[PDB]
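Below, in structure tokens: the form deposited in one PDB entry, a single chain.
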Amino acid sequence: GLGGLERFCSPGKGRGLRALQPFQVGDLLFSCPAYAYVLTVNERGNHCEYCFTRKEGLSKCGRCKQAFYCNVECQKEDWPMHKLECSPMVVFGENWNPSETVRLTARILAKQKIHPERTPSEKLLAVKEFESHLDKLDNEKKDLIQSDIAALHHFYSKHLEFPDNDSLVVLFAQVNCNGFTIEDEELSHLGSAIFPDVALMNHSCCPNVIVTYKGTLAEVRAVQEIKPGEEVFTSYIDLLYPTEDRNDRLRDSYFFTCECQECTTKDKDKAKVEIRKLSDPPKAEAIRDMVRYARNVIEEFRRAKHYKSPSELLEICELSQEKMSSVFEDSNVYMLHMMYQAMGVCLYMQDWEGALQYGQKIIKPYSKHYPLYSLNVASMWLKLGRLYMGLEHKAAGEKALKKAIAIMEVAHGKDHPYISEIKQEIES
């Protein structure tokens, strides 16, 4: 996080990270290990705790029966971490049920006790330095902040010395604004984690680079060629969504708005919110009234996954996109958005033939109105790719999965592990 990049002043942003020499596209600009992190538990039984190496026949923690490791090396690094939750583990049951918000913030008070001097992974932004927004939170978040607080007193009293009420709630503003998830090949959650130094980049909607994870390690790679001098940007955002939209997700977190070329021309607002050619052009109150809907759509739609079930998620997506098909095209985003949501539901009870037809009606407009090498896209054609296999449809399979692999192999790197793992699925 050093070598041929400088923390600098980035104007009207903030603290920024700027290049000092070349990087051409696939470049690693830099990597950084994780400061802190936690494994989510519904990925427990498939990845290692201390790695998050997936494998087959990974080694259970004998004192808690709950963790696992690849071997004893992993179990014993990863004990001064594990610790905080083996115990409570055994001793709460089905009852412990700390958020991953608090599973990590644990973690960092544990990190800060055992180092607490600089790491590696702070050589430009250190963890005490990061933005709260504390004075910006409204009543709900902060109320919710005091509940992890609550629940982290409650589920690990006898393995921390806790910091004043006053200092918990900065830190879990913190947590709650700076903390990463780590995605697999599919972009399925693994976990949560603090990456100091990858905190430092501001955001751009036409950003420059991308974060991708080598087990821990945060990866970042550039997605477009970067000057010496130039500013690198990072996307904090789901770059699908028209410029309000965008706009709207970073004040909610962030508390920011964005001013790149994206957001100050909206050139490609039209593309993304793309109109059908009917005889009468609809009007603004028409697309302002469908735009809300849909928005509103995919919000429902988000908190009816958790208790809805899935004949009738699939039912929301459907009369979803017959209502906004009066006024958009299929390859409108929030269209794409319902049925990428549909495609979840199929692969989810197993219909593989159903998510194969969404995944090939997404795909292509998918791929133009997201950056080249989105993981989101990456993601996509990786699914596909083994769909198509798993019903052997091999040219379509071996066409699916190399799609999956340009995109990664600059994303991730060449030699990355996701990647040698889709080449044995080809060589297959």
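Just so we're on the same page, rigid core means the largest C-alpha set that superposes within 1.5 Å between forms. Residue numbers count along the first chain shown, from 1. Compared with the form deposited in another entry:
- Lining up the core between these two forms shows that one residue from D280, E117, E353, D252 moves its Cα 2 Å or more, and that residue is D280.
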The other form holds:
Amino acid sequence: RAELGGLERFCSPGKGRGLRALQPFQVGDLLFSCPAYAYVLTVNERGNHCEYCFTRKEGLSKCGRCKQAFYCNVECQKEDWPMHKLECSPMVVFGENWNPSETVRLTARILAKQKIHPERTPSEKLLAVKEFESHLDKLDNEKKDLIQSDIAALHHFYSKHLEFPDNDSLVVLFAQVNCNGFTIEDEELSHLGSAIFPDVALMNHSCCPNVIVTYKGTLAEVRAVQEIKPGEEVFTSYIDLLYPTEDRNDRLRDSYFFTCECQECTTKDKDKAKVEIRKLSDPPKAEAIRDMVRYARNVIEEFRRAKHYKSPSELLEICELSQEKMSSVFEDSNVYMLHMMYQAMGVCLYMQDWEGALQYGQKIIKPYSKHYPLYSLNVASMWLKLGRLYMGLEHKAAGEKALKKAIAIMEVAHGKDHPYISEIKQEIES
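Right, and the form deposited in another entry of this protein, after the form deposited in one PDB entry?
Excluded here are partners and other molecules; the one chain stands alone.
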């Protein structure tokens, strides 16, 4: 199945539908772009980005009716109106209690899009939204109850402005959205919004992917990070590649109900380094290691929950205490330590403790470089944060160096002409 040039849809043995190359692609080549089928700017970025096109700039004009949507100009505002009108009056009516989840917000837009544009869109050249996997038969009752709550919230916040299909159809759709929806992030991997990119959702998973997905406004772009030969399958990663094999496959199993057999998962080459044990005089016993791994996974999950109701200083305390406890057995380059160091850095940034955030960054960066693959956005984002921190604290040489490391990754991932790169070059001069 063809039309996107140089590519086709096919049946990948052992995996199912996928995407393969018909022509070579070199590192940094653009395979395809996919316009968003539906998308929504996250609430905390309102006023910083245009709701229609996601341009980040000053001096955006306001929707006069609700005062909660911002735009480059009246053309962006008018083009956004079919989607924005789903929320404009409801925000006025509900005021401070207007609070649908972002999943609910995105699903409302999908429904409006289906009504206005029932035919195949340019976002769906090889895979249609209706063909999305739901995994509905594999979901437990807890997840199905959350789907029913989303349906309830959809009705509650959007009923004046949408006609709904039946409960059965919404259950399928919500399940499809839960597992197919993408996040759009900025250059520091900060959350900007959510979107549906149907053609991107065709790609199968590898823990050594040969492409990387980036965003230019609401457009997804897919570039090669390894050489791809004619006839080879195009693989993205569905999950965070920092973690060792068991953890990667736990996340794959819980969200998509499969496990990976790629070369990384097969060989487990990076696993030993990822869970590095301190080389002490009396080395830690095997039991103690299992104990500390168990503790680490617990605190990682505990911390995920705790950030919905603890203060910044309490969160930093959990990070510090967990790091102290883990350091009896784990090296600082160990991925569970890096996890908590990364959370700590974010808490520091939130509190405007620039020095503290910088110190955490300096310890994270070299382990990141080794644990992630070559052209990782996680690595690039960390160099950029370091660079910006260094610049702000007047370490101009160190800052320039870090920003250059960011650029060298981003030229490949984002393309040399991406506006993010122009902005970062300006920071090196200014």
